[PDB]
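Our next item is chain A:
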Amino acid sequence: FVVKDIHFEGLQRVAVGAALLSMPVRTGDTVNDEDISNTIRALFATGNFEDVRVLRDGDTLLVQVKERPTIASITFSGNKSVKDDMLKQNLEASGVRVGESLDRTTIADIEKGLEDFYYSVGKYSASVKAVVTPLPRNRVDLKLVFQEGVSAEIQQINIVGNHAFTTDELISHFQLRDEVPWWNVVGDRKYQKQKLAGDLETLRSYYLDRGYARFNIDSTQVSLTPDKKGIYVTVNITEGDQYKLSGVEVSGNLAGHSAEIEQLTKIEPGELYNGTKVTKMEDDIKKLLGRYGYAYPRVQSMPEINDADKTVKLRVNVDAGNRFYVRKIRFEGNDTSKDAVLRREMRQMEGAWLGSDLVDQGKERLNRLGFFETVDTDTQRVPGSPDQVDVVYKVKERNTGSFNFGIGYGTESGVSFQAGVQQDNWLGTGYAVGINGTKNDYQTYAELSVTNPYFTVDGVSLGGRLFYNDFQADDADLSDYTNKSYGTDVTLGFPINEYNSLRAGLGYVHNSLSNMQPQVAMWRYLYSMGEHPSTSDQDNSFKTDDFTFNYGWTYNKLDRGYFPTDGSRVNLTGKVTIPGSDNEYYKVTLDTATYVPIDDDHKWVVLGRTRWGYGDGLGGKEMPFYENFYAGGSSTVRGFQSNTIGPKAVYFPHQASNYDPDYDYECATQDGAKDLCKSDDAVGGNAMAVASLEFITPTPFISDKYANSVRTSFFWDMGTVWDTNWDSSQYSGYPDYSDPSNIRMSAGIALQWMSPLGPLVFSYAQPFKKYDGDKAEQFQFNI
Partner candidate 1 sequence: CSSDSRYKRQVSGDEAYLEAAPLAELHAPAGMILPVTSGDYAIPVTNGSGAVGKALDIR
Partner candidate 2 sequence: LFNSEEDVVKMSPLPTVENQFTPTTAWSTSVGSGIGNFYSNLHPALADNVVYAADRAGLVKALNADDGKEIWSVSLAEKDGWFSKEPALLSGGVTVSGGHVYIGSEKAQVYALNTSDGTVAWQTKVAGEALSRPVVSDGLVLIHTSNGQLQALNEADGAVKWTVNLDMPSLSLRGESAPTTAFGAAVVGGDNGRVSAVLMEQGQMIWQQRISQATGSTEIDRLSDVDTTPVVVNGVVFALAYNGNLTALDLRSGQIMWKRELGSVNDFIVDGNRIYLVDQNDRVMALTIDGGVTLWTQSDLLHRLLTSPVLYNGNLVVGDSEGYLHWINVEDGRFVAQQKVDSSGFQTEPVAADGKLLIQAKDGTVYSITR
């Protein structure tokens, strides 16, 4: 029989002629009942025909095709700890997905494979069921319910072959631990069989360091304890004998650095053997020959273990390579930055032999850049010569800009706001930006600050800082506390070492004042300004244009420029006035940042911060009171309200402020309180020694896509600010504030979120030791 036509009754994925080519009974070919049955399997061999019924109208074939394709969706339900795409990856591992055909046979198989996925991850007591939900025209949904009973968790290792150490101390020598108490609670307890392998290498290291060179692990068998949780193991090892480093017989392509090689053979003959130091001394060669240019310094140790005296001799084979491996370097991730600004951040030069750490030193400048999220190296030895390594640097950049704000003093009673924004090297163009200000009907404060750190290749760091505050305390007029304060700061940054770095600059500041408060230290400073004011009236006006020399110094051995982890950046700052200034005083300030990794995989890191600061006169006219030290709120201490730490104001019994409202502002005036009024306004002290105890904690509660950016840290702060000239003969009814014992204290937690245009920090903090007069807001926004 020869077919007249094949009737393609429903395909839903495949073409008509593409269905015809799968048929061995195609139009024009002789058709028998065998090739009809060959057509059943071959249309089933498409992998997309659910049922195939090859029939014919005499000879005109007609195939009742039922079809499995597209699964329109796969619906996951009940996982709750594992991602469903990971389960879809197991479904990807079956080659089945949205778009694919369904197979009722592979339902239990993928259910097995997901239970085998359950088997692998750390469970076995977890079952699944795939619910086929059929959809229009051929389609099906794979609803999937995940009936997870319980995981498998470790119970007890047995170690056999151990004859020098405790199994239980080796648990404490292993990552896998089985100890979280109820009244001595510490840590957590999990299982994964890859950790078993890592604990074996941990043991392999644990016998390597002693000299156990006849040591070997025989095997290790996990008890398949019949509860679907019970993880006990045996560990079969051979303890082996102790061996002692009796000598090294290093040789090979020594490249003439054999004395420098011999410096890396500085050992004691007969000390008990460790191979990690042998591993370490091998690396130092690759750091020795690495800075000597050898990008592939093949080093091969061989422990010639001598069982006759229970010692080990040390063959070490050396291949050097060449020096001028480094041809050039490439840069990637300059897409929003300037390349030379990136390319200035290196110390291994093209046209040179390799400096291995010079990469890393350059990568440390990349690391202490801080305008990045990754800085990575791609050390491509270019084919054609082994004098050709082109090292690509794909880096991931970071966000820029940082805004701060507090909605206050209007926004409906007029146009009034806080302001302030950065631009963080101005999108990495080479121009550090920090600008702030505020426009209100209390004051008009303006400020500019801009820094090119790199005007020259010599690190010429031109920092120009400006401000123009029309600080008037505008309640009716310039009658309460006025200062039009303005001036500049030209400042240069100075390289002193790769880590030592000086700061110095010149500051101008011109201040014009009017009708100031019955604050008496304010009068006292006016009296130390050689001025004799009316203490009972705010009518006293003043112009001052101060002239100062500014200085400072920076250390930098601390990990990242944005997310550091270990080390220190010691930051001296200070200032002093000059001849020609109307006031002769000084001010010096010391703030630090010491980072100690608690965890050295850095799940926990101690962070050490203090703030030392002191400024006073050079004789006669002193440091002004607005240059004192003011804290609380956030500044480095939370729990309080801002600038609420320090000595507090007292009002002189006052008559006429040039503003006597209807009991709106109380300034010991004739609107009430016509007497001495000690107020709670922290007017700051001329000496500050504050600190905090802040510690890195992780966050296991979110996606770590962004937790790596998020800082989670609890802080524990304290403080004492005071003025050295406080002479309580004059403050006989007042607490003395020449005391370095005004001991405040607060503690709390830091919540930094890294938004895509700067960090968003928030905190709550509760003080529980405090010298009063302070204003407190226990919740803080730290944007």
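General observations
The criterion applied here is as follows: contacts are C-beta pairs under 8 Å (C-beta built on N, C-alpha and C of every residue); 3 or more make two chains touch, one makes a residue touch a chain; residues count from 1.
Selection criteria: all candidates are chains of the complex that A comes from, given by their letters.
This complex places chain A in touch with one candidate out of 1 or 2, and it is 2.
Chain A makes touch with candidate 2 in their complex at residues 80, 112, 115-116, 119, 124-125, 148-151, 155-156, 158, 160, 165-169, 188, 219, 221-228, 230, 232-234, 236.
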